[PDB]
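Undergrad: Letter by letter, the chains look like this.
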Amino acid sequence: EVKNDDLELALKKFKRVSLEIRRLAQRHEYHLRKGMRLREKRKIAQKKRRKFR
Amino acid sequence: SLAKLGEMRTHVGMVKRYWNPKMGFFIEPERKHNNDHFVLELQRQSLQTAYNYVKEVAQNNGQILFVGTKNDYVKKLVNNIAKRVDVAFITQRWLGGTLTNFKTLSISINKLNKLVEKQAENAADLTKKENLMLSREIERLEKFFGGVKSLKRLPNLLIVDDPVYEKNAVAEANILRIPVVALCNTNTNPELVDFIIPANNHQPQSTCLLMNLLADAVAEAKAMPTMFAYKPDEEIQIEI
Amino acid sequence: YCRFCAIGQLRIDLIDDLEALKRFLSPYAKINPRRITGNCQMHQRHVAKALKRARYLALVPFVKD
Amino acid sequence: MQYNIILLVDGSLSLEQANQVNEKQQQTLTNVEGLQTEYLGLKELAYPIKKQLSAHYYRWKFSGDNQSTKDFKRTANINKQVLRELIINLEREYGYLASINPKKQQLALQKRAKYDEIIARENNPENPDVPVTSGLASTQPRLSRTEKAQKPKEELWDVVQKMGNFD
Amino acid sequence: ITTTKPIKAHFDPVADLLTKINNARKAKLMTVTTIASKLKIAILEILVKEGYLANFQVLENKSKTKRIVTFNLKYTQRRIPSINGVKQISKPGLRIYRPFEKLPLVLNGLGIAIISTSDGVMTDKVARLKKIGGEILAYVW
Amino acid sequence: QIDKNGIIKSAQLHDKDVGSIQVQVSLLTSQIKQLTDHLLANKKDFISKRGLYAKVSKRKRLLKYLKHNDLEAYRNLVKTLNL
RNA sequence: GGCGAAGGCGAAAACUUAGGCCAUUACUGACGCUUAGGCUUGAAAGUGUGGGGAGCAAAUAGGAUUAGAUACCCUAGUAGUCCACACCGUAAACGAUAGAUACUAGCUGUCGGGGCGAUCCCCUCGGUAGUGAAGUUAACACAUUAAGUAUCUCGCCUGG
Numbered sequence: 005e006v007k008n009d010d011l012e013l014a015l016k017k018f019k020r021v022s023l024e025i026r027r028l029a030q031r032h033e034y035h036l037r038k039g040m041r042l043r044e045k046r047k048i049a050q051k052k053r054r055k056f057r
Numbered sequence: 019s020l021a022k023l024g025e026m027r028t029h030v031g032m033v034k035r036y037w038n039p040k041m042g043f044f045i046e047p048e049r050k051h052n053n054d055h056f057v058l059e060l061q062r063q064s065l066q067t068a069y070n071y072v073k074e075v076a077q078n079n080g081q082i083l084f085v086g087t088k089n090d091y092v093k094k095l096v097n098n099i100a101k102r103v104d105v106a107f108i109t110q111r112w113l114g115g116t117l118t119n120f121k122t123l124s125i126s127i128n129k130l131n132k133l134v135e136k137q138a139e140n141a142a143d144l145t146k147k148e149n150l151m152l153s154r155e156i157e158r159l160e161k162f163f164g165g166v167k168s169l170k171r172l173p174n175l176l177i178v179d180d181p182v183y184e185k186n187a188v189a190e191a192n193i194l195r196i197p198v199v200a201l202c203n204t205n206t207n208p209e210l211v212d213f214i215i216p217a218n219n220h221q222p223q224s225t226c227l228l229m230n231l232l233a234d235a236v237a238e239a240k241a242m243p244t245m246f247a248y249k250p251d252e253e254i255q256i257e258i
Numbered sequence: 040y041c042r043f044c045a046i047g048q049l050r051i052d053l054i055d056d057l058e059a060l061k062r063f064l065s066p067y068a069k070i071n072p073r074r075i076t077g078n079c080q081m082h083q084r085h086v087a088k089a090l091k092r093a094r095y096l097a098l099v100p101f102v103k104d
Numbered sequence: 001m002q003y004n005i006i007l008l009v010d011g012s013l014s015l016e017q018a019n020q021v022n023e024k025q026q027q028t029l030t031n032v033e034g035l036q037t038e039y040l041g042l043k044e045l046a047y048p049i050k051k052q053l054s055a056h057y058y059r060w061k062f063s064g065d066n067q068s069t070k071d072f073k074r075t076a077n078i079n080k081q082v083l084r085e086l087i088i089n090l091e092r093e094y095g096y097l098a099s100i101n102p103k104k105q106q107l108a109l110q111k112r113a114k115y116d117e118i119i120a121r122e123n124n125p126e127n128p129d130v131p132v133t134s135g136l137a138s139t140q141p142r143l144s145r146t147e148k149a150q151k152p153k154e155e156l157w158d159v160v161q162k163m164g165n166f167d
Numbered sequence: 002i003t004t005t006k007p008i009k010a011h012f013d014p015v016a017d018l019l020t021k022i023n024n025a026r027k028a029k030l031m032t033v034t035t036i037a038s039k040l041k042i043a044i045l046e047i048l049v050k051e052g053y054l055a056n057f058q059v060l061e062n063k064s065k066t067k068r069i070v071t072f073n074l075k076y077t078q079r080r081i082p083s084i085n086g087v088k089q090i091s092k093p094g095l096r097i098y099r100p101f102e103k104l105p106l107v108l109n110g111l112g113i114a115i116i117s118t119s120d121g122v123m124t125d126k127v128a129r130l131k132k133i134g135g136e137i138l139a140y141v142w
Numbered sequence: 002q003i004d005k006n007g008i009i010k011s012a013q014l015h016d017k018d019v020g021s022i023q024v025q026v027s028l029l030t031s032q033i034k035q036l037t038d039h040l041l042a043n044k045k046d047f048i049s050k051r052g053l054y055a056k057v058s059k060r061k062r063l064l065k066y067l068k069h070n071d072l073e074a075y076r077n078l079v080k081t082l083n084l
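First to last, the sequence lines map onto chains T, A, Q, E, G and N. Just add 4 to wherever you are in the first sequence, counting from 1, and you've got the authors' numbering. Just add 18 to wherever you are in the second sequence, counting from 1, and you've got the authors' numbering. Just add 39 to wherever you are in the third sequence, counting from 1, and you've got the authors' numbering. Just so it is clear: in the fourth sequence, position 81 is 81 by the authors' numbering, and no numbers are missing. Just add 1 to wherever you are in the fifth sequence, counting from 1, and you've got the authors' numbering. Just add 1 to wherever you are in the sixth sequence, counting from 1, and you've got the authors' numbering.
Calculated from the structure, these hints are not laboratory results. Among the hints, erroneous ones may be present.
As the list claims (entries may be wrong) - Computed cross-link-like contacts, DSSO-like style, restricted to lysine-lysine with a CA-CA straight-line distance of at most 27 Å: (1) G:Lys21 - E:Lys153; (2) G:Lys21 - G:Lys39; (3) T:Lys47 - T:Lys7; (4) E:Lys151 - G:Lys103; (5) T:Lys16 - Q:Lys103.
What the hints assert, rightly or not - A short list of chain G residues far from chain E (calculated; beta carbon distances all over 10 Å): (6) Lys6; (7) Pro7; (8) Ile22; (9) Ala28; (10) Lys75; (11) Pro93; (12) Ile133.
For each residue, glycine too, the CB sits at the ideal point set by N, CA and C.
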C-alpha cells in the first residue's frame, strides 16, 4: 500500500487504510465459534447496508 | 357538457408503481412506465352517473361537506367553492370524533361561536398577549370547523380530495354504511367509494376537473351558481 | 457507474483483464463487492474466482497489495 | 477434455532457454502430443514463487480426459524453472448461446460507444432506452378448440353500486 | 381458444379442481380454468339444469393433447357470488356411498345435493322418487 | 463418462424415445454405473450412494409400472444389471 | 447471493460428479406422493490407531476476585486443532411450519435461464423476501417462496 504522497499528511491517509485493515482483521484475535463469526459478520453487513446506504 | 371528451386533459403520471390491483377491474391495463392511464370512456360515464346521483341527493335540501385537504390544490378549490357557496366547508382535515358522534363536535363548535362573539367583543377586557392568544385560538377553531358553525345535522353528502388521504373522514363515514363520492386512482381500492370515478390527481388538470364537476353536480340543487357543469369549453390551470 | 453486468463480457477469468483487476482491486488489497462495482451473481463469482486465482498466480499479491 | 498448460520459465531470462524448458515440459504428455507454442509475453509476479519476480508465459493446447493434469501440476511444482503450471480447460462457466454471440459485437459496441468524440455527448454508460425489438415471453406453444358450450352467459356485473337512490 | 399454457394436477382431477375452486372461493376470482374430466362436465351440466352456473366451456387440443374446462364464477350486479358455500363430500381417499334412503338436503334444505346412483349424477329429490341411491358427491349452497 | 444420450439413442427400441420408461431406466442404470466409479474414485461422497438409492428405488418402481400397466413392455428389458 | 438433504459449503489449480434454471411444438406416457419395512448421511463434542501438532485451549497447575472461584482476568499444559482411518448420531439438525402436492391480490425487488439492446431499462418461468389484500392465527403475523387452499401417505402429542 503506497503512502508516498506528501511530507506532512501521510499519516492522515494512513489512518483510513489502517481502519480498513483493522475492520477486515478484527475477528482473528480471539477464540470463537463459527456460528457467532457468521452471525456478527452478516449482521454487521446488513446493518451497514440499511443505515449508511 | 356532461360525459364529453372536451373536459378531460393531461391524465399522465401517477406514483411509482406502489398500488393494489383492484383498479384493474375497472381501468384499462396500467402503464408500467409509472404513468398509469385512465381510458376516458369509463371516466366520462362514471362522471355522468355520479353527477346525476349527487344532484338528486342534494336536491332534497341535504347538507353537503366540501372538504379537500391536499397540499394546496383541492384546498384552494374547496375554499373557492366555499366563498362561492353558502354550504358548510372545512379548510383543513379534522382530528377525531366528527362523524362518529356529534357530542365531540358540539362543545367545540359551541365554544367556536362563543369565541367568535368574544373576539367581536373582547378588545380591552383582557391583556394584550391574552387577546392575541384568543385570536390565534379562534383562528385554530375556525380552520377545523369553518362549516360546522353552519350546520347542526351531519352532512347527507360529502366529497374528499383522496379517500386514502383523509383517513379520519372515510373512517367516521364508514362507521355507518353511507353513500359517498370521491376521486380514486390506480393506487387505492374501489371499496372506498360507492360509485367510483377513477382518473388522475397528480397533474392538477384532472384534479380540478373532477373536483369542480363533483361540486357543480350538487351546485344546481339549491339554485346556486356554477362554473363547470355543462360548459363545452374548459380552462387549463396549474397547482394553485 | 456500475462496472460489471454493465460492461461485462460474461467471461472474466484471465483474458487480458490484468489492468482491470488492478483497478477493480484498489492497490490497498481489497476485492470490490457487488455493492460498488455492481457486478451480478455471475460476474461477481467469476471475478472472485479469477482474482483468487491471480492471487495463486502472484499477479496480485495475497496480502501485500 | 482438452486442457491448456500455462507454463513459466525462470524470471526474464533468454527466450531460447525458455523454449528449451518448454519443450522439455511438453515431452511428458500421455495422449497425442499435438500442441503449439503461444507466447503470452513476459508477465510479472508480485511475490516470489521460485525466486523469480517475473516469468515468460507460454500457452499449450493438449488433449486428454484426466491424464496429464495432476502429473504436470506436481512435476512443475517440483520443477525449479517453472513457477506456475496453470491447467485451464474449455470448462469455463458462461453462456455459449446464439443470443450472446452476435451480442459479442454488441459487447464491443459497449466499449466502442463507452467513448464518443462529439461537441455535445450523445451517449451515456447504461442509459435506459427501451430499444426492445422482439421477445419470447417463455411460453409453451399449445392451441385448443371449444368442444361444447352450454349456458354461455357471463353476467355483465354492473359498476360499483351500493345503497343507491336516497328516496 | 388460445391458452398456450399447461394445467397441472397432483395425480387426479379432484386435487387441482378443488384447489382452483377454493382459490376462487377465498381470493374472489371471476373465472377459473382447470383440467377436464367426466365429473366436472357432469356437475357443470347438472348445475346448469338446477340454475347455479355461469358460462363454461370444455376445451381440447386435438382429442387428448390437452383436455381442460373453463368456467366463470357467477356474481351479481353488486358482485355477490351465487354460491354460499361449496365443499366436496367425496374425496379420492374418502369415498362415501349412500342408498336413496339416506340422501339429505344441505344444512336444512338450502342447497342441492347431487347423487350418482346408477347411471350418472342426478338430484336427491327425484333420486328418492326413482328410489335409487349412490354417491353423494358434494354440498353446494 | 455420463453416457446418457449415446446409450439412449443406441438403445431406442421404439421409433424415437429419449424419455420412455425403457430408455429412462437404461439412463438410470448407466448413471449408477458412472456413480459407482464415482464412489470408487470418491469414497467420502456419500451423497452419491444416496442418489444411488434414490435412482434404484425410482427404477424399481418404474419396472413395477412397466410390468403392471403395459403387460409385456418389461419383456424386452435387458437392464437392471446383475445382482 | 448461489448451490447442497437438513446436516453445510469461499487461496487457488485440476480430477470425477450430480442436482438444477429457462425455453424442449417436444421424448415416453399416470412411472405421480407417501411412511411403518428396507435403504444412507447426520455438525461438533467425544472413542481409538499411527504419524503429526505451528497453534492454543476441557479437566488440571499457578496467579487474581472471592465467604470460596469449579468464575469473569491472565502464564502454561492434557486430550482437544491436522492428515487418513473407522466409530460417534445428538443439535437453535428450527419453515421453530413433514414430504410432495395445485393454483391464489398487489408490491419493490434480486438472481439464473429463454427471446432483446450497449451492458441497461422489456416480457416470461423458476431461485432468493417480506410490507399487505383475501384466507388462516391467542397476537405477532404466513401470505405468491403459506400458517390460504385441493390429494395421499406417514411420524409426532393429549397438563405437570
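Undergrad: Look at each hint and say if it fits the structure.
TA: Results for each hint:
Our distance criterion of 27 Å between C-alpha atoms is met by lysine 21 of chain G and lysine 153 of chain E, whose separation comes to about 21 Å. Simply put, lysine 21 of chain G and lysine 39 of chain G have alpha-carbon atoms about 17 Å apart, close enough for the 27 Å limit, and the pair holds. Between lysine 47 of chain T and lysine 7 of chain T, the direct Cα distance comes to roughly 32 Å. Violation of the 27 Å bound is thereby established for this hinted pair. At most 27 Å may separate the alpha-carbon atoms for a hinted pair to count; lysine 151 of chain E and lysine 103 of chain G exceed this at roughly 31 Å.
Proximity of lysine 16 of chain T to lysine 103 of chain Q is assessed by CA-CA distance (about 20 Å); at most 27 Å being required, the pair is judged to hold. For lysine 6 of chain G, the shortest C-beta to C-beta distance to chain E comes to about 6 Å, within the 10 Å cut-off, and the non-interface label is violated. A beta-carbon of chain E is positioned within 10 Å of the beta-carbon of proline 7 of chain G; the least distance is around 6 Å. In this structure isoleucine 22 of chain G is separated from chain E by more than 10 Å, as the shortest Cβ-Cβ distance comes to about 17 Å.
The beta carbon of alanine 28 of chain G sits about 17 Å from the closest Cβ of chain E, which is more than 10 Å, so the claim that it is off the interface holds. With a closest Cβ-Cβ approach of about 6 Å to chain E, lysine 75 of chain G is found to fall inside the 10 Å limit, against its non-interface label. The beta carbon of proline 93 of chain G is kept farther than 10 Å from every beta carbon of chain E, the shortest such distance being approximately 25 Å. Interface exclusion of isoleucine 133 of chain G from chain E stands, the closest Cβ pair being 25 Å apart, more than 10 Å.
Taken one by one, the earlier hints fail for this structure at numbers 3, 4, 6, 7, 10, listed in ascending order.
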